[PDB]
Amino acid sequence: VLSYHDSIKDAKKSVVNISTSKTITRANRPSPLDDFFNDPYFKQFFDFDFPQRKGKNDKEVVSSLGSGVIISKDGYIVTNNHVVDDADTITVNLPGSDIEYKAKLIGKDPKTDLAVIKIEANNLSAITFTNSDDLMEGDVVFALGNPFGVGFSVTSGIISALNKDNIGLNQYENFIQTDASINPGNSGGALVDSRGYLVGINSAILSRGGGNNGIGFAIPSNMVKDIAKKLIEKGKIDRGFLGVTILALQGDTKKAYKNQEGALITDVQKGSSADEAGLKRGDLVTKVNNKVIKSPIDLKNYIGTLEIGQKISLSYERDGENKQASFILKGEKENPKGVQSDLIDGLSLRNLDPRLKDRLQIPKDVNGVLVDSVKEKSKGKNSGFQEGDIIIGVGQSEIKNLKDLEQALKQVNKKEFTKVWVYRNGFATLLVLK
Amino acid sequence: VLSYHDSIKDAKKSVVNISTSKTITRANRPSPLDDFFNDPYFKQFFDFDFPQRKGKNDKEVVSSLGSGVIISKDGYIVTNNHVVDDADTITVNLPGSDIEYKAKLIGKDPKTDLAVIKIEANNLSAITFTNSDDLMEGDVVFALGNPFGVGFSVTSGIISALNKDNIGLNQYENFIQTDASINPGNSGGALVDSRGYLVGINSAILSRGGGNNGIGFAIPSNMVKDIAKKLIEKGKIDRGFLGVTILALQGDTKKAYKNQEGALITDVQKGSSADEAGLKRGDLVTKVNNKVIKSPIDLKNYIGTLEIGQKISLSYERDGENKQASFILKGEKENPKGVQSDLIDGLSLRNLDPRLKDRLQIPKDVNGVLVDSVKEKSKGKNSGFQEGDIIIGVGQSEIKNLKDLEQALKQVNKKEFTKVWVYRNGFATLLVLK
Amino acid sequence: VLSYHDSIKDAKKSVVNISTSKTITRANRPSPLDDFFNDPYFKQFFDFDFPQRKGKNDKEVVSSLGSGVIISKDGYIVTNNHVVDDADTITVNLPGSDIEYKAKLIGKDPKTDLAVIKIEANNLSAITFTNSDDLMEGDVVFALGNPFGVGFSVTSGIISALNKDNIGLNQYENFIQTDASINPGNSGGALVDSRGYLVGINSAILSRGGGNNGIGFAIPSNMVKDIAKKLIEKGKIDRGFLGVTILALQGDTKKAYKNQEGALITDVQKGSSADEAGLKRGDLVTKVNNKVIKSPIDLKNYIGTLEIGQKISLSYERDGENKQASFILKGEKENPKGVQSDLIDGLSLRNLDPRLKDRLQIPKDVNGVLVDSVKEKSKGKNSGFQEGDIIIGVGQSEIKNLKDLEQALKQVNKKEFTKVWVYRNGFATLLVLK
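Chains as they are written, first to last, in PDB author numbering: chain B, 38 to 471; chain A, 38 to 471; chain C, 38 to 471.
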């Protein structure tokens, strides 16, 4: 007979079930979903009244169930922090040895949502940690933990997606997808490859009944490697940022922003390291000295893997022109004021109640800002806006003064183009600014 | 590592994702269901507030999200018709080249629910369009497209049921069925064999919330291959009929109707191409010039795949002889009228309120139709019916006259046997009319 | 092509579909859930309005729908009891033969919820009954029958859990699990190995949507093998017991109760075949002559595969010493009463309201039981309990007299340690009795 138990024999020696007595399970508390209340038996079941009364799965209310992986022979375990929030007596149960000591939280971060914990025994297994990004889609894998109280279990699968954020279960995310039947209680148990080496970790699943419908998510194993090291070596993680807001370059933005390529600065968050290194609006982020940028979630989760105060000679372009300049890693809590202008670009413009005829007898249609002149480079002249125009609406939405221009012009480096409405000598026309 | 990415590889460049901008998304409007309503975040998620705001999945109410297949190098895409119903500005994402043109809707048919659509670029992919019906159950397949908007993501699995109607997603059906995980947004997307060739087109799934639960359905490629052609040729498909209600031959119906075999005409829609070809009731449809019949979904779907005014020399049998005249392909809209028979054949029956003693003083029990003669070949004569009985009942249901008699004696060829109740020279028997 | 249709050929030849017609479907009536209602179509769909009307799958209100297996060439089929509860006119549709007879129920046992039924024809197949316990996690299998009324469909998978109770669908349980997708109506249908031999029988599935979401459940084929012989033999099965209460030995029980290894008797159910074989409380059950015990679910389900009145020369131990004596298979309804001592072991206690100064005026903290002596072996003197104490409560719970004392000192053999509350000359201590 062919079986792939052969992974399953050793994989349990690393992948723990977790017993988790906590006086406060208030982070891993269910939200007001209309679930199997009114006849709640053993947790995460569905069946009717059956003879085995309470005791088997109950403690999840003033304790928690979960899974973890012992990363090193030092007996340091990893699991998801929602599983280990309020870490009093985080008892474990290792399938393949049945041992039941308290574990000692060494350190956590709720942003990456991850923890490292010393279990107090010796001759504890490590895990062959390998790289989550040698993967292709279609690669075979085994995903592991204790699903919904059955005991320790493993489901055979393939990858069906790579390196996915837009998920934000907490704050920093790069998930990889398998089709494998996995549940909560596999919360912190592993995803290994077909050779039984560590490639990601389970936490959560897109599905309708909490148990799998095709769409299991693992964290990267490379992510947890450096995350665990930072949670060991100071007992937490400490990020800054480049003090920024960011998007990806979109296809129509690209030609409109003169066919440079990288992540779109939306707004540089003033006087942070971005600004001081001379990054601006209409610029694009291209590369960290270790890591390549195209998207907003690239810088976010790369900085979810960098620490305080080190300088970074980051590469960036504007228009057609690259610089590499020197930026301190400066967070949201780290920013001291700065400049940007790129559809207010030599716009000499000012407030009105103008001194000419004739339109009508209401300020509604004539407060805004009047154009003194328009720089040749400004996307306005690309697009047919001229000196002696009057701006009344900016992205269809209307304005009364310079403040409410400069507020909508601070949202333009978030628009491929702008639907301005510009009154002239007599009529208001519609333009398409890029 | 063994990975069947190799299919995945070229199937993205044929199996499209759809930026289906249309202003009336109201033919695929969500049914009034208790889903994740009042607080739905991104469409087709389950989740509580995560850091990423709106801007990734929301457009599906003034657009749609889907998948399709470029069949020939013309760039003739096919997808579901319901994805493109009201087809205004249907623009594309071709996974792996990102080409955001609109496509011309060349034509759509809402009975099969499929449409042919020219994408206005070049070097656009064929697909290797093999037979769905050379498939057996257990054969290995991949399942393709974009599930719930996660982007282009594939699965692989096996066939667990074949060549099926009784699903009624539209008006013409013959789906084949896999375990592999597929959701909404794979709507119109491919099912390819282990070798990478098109054996079917995914349109729906038997699940409990739209994430796959082992039961996904793809239209056979061989039906889409003649659908797409009739829609390339004139922008629509025109289907006929034989003018004939139809069923499968049930098991006692074989032995009652003397051991013929074929699809059971339940009642002829009168004087049609069936009737003028000799097809009556008590008759069984066996074969179209090209296609073999035992059930009514055979004749239905074979007519689905044929167009008007041609003469089909179809074969049928009655009692114990098989005949071969010729039928026009004549619609429900097309049918002159007709002759019927069965359990009234050469019977002589007329109305009553009788002139003999005795019974009772209420008409409920004695109105009906009386029996002058019963033909010897007739089913009544198989089954305990006599001359000088009075029919009161025609299958546990009662009659006041010839009309409600001859109406149930139209429904007797929807029966294996009939429970007539028949008042005799003094008492009401009950009988078994094979 | 590689496909495992090879087993799917001869499996259908024994794995029946059933059209279980009876007037009383009132055991397999739906329970009040928010499953689909007010809008039903065909049973176990989810789908909106389809052009295939009532007639396909209504009947399971006034019939059952299920699966089974023809065991032997004698025509003897095996299925759930709940499928044939009130076996009126149990009609069959064996796939690939269609022989629409009634079957004759030979016998049933609701306890295992298993049947044996004769189908009344000739040349009927068998099934290759192999061992369910030469088995392992991860071996390849197939799961079979009628998944929601479709015909004969088969899925394929790997074993994900072994020999289990705590599922409780009836009264006796030793199920095995695989991921492979099975629905009610596979009720009574099979699980066969990768060579086509019978290893398991699916009854139900711990799903979220009633169709399989990952967690099917097969009673072992070596359990239904002898069950079937006891059902052929006489139409029913006869279960005794050994007239007892049992649990598995907990780890700190192990160490307190002197490091013996078996199933923990919790309370001997008094003058059974246990007590009159010398078996006591705090004695561990090690081996039945044919079946080795470590848990209660052992002895339960071994009784679940054993008949009346035979004498069973069973192994038990006390503290460090093994005995083997003989035990009749005596029911819950078969036991003359009784011998009982454990943390009352030499405890010479009596009722009080006691004649010394001073404490308080309310009886609430001084009614209880006074301790005249404590024998040296008592887990009391292992743990701090002395003579002249006063027991006021036994594991937090307060006692008023000898009767309430002894109710709780009967349940201590359901504990590893007890937190007795014992008043002394002036104060009350809490203790930890092992």
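These are computed hints drawn from the structure, not numbers from a lab. A portion of the hints provided could be inaccurate.
[To be verified] Among chain A residues calculated to face chain C with C-beta under 10 Å, some are:
| id | residue |
| --- | --- |
| 1 | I252 |
| 2 | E344 |
| 3 | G346 |
[To be verified] The following residues of chain C were derived to be distant from chain A, with all beta-carbon distances above 12 Å:
| id | residue |
| --- | --- |
| 4 | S40 |
| 5 | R90 |
| 6 | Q347 |
| 7 | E358 |
| 8 | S420 |
[As the list claims (entries may be wrong)] DMTMM-like cross-link-like pairs, simulated, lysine to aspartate or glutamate; straight-line CA separation at most 20 Å:
| id | chain 1 | residue 1 | chain 2 | residue 2 |
| --- | --- | --- | --- | --- |
| 9 | C | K49 | A | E174 |
| 10 | A | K148 | C | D86 |
| 11 | B | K139 | C | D289 |
| 12 | A | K46 | B | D171 |
| 13 | A | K295 | C | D135 |
| 14 | A | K139 | B | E453 |
| 15 | A | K291 | C | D289 |
| 16 | B | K292 | A | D170 |
| 17 | C | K46 | A | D170 |
| 18 | B | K271 | B | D170 |
| 19 | C | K139 | A | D289 |
| 20 | B | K451 | A | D95 |
| 21 | A | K93 | B | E344 |
| 22 | A | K96 | B | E344 |
| 23 | B | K201 | A | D135 |
| 24 | B | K201 | A | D289 |
| 25 | B | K471 | A | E137 |
| 26 | A | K292 | C | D289 |
| 27 | A | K50 | B | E174 |
| 28 | C | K80 | A | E137 |
| 29 | B | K295 | A | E137 |
| 30 | B | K331 | A | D170 |
| 31 | A | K93 | B | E435 |
| 32 | B | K46 | C | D170 |
| 33 | A | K471 | C | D86 |
From the three backbone atoms N, C-alpha and C, an ideal C-beta is built for every residue, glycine too.
Results for each hint:
1. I252: 7 Å, holds
2. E344: For A/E344, the interface hint is violated, since the closest Cβ of chain C sits about 21 Å away, which is over 10 Å.
3. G346: 25 Å, violated
4. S40: 4 Å, violated
5. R90: 9 Å, violated
6. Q347: Given that every Cβ of chain A is farther than 12 Å from that of C/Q347, nearest at about 45 Å, it holds.
7. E358: Check passes; 55 Å lies beyond 12 Å.
8. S420: Non-interface label stands for C/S420: nearest chain A Cβ at 48 Å, farther than 12 Å.
9. C/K49 with A/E174: Given pair C/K49, A/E174 holds - Cα atoms ~13 Å apart, limit 20 Å.
10. A/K148 with C/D86: 14 Å, holds
11. B/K139 with C/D289: 15 Å, holds
12. A/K46 with B/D171: Holds - the C-alpha atoms of B/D171 and A/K46 are around 17 Å apart, at most 20 Å.
13. A/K295 with C/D135: 18 Å, holds
14. A/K139 with B/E453: It holds: about 18 Å lies between the C-alpha atoms, which stays within 20 Å.
15. A/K291 with C/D289: The hint is violated at about 71 Å.
16. B/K292 with A/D170: With a Cα-Cα distance of about 48 Å, the restraint between B/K292 and A/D170 is violated, given a limit of 20 Å.
17. C/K46 with A/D170: 18 Å, holds
18. B/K271 with B/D170: Since the Cα atoms of B/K271 and B/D170 sit roughly 27 Å apart, the hinted pair is violated (cutoff 20 Å).
19. C/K139 with A/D289: 14 Å, holds
20. B/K451 with A/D95: 18 Å, holds
21. A/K93 with B/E344: With a Cα-Cα distance of about 30 Å, the restraint between A/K93 and B/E344 is violated, given a limit of 20 Å.
22. A/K96 with B/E344: Roughly 38 Å separates the two Cα atoms, so the pair is violated.
23. B/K201 with A/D135: Roughly 18 Å separates the two Cα atoms, so the pair holds.
24. B/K201 with A/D289: 59 Å, violated
25. B/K471 with A/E137: 18 Å, holds
26. A/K292 with C/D289: This hinted pair is violated, its Cα atoms lying about 72 Å apart.
27. A/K50 with B/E174: Given pair A/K50, B/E174 holds - Cα atoms ~16 Å apart, limit 20 Å.
28. C/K80 with A/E137: 44 Å, violated
29. B/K295 with A/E137: 19 Å, holds
30. B/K331 with A/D170: 45 Å, violated
31. A/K93 with B/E435: 26 Å, violated
32. B/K46 with C/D170: 18 Å, holds
33. A/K471 with C/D86: 34 Å, violated
Of the numbered hints stated above, those contradicted by the structure are hints 2, 3, 4, 5, 15, 16, 18, 21, 22, 24, 26, 28, 30, 31 and 33, listed in ascending order.
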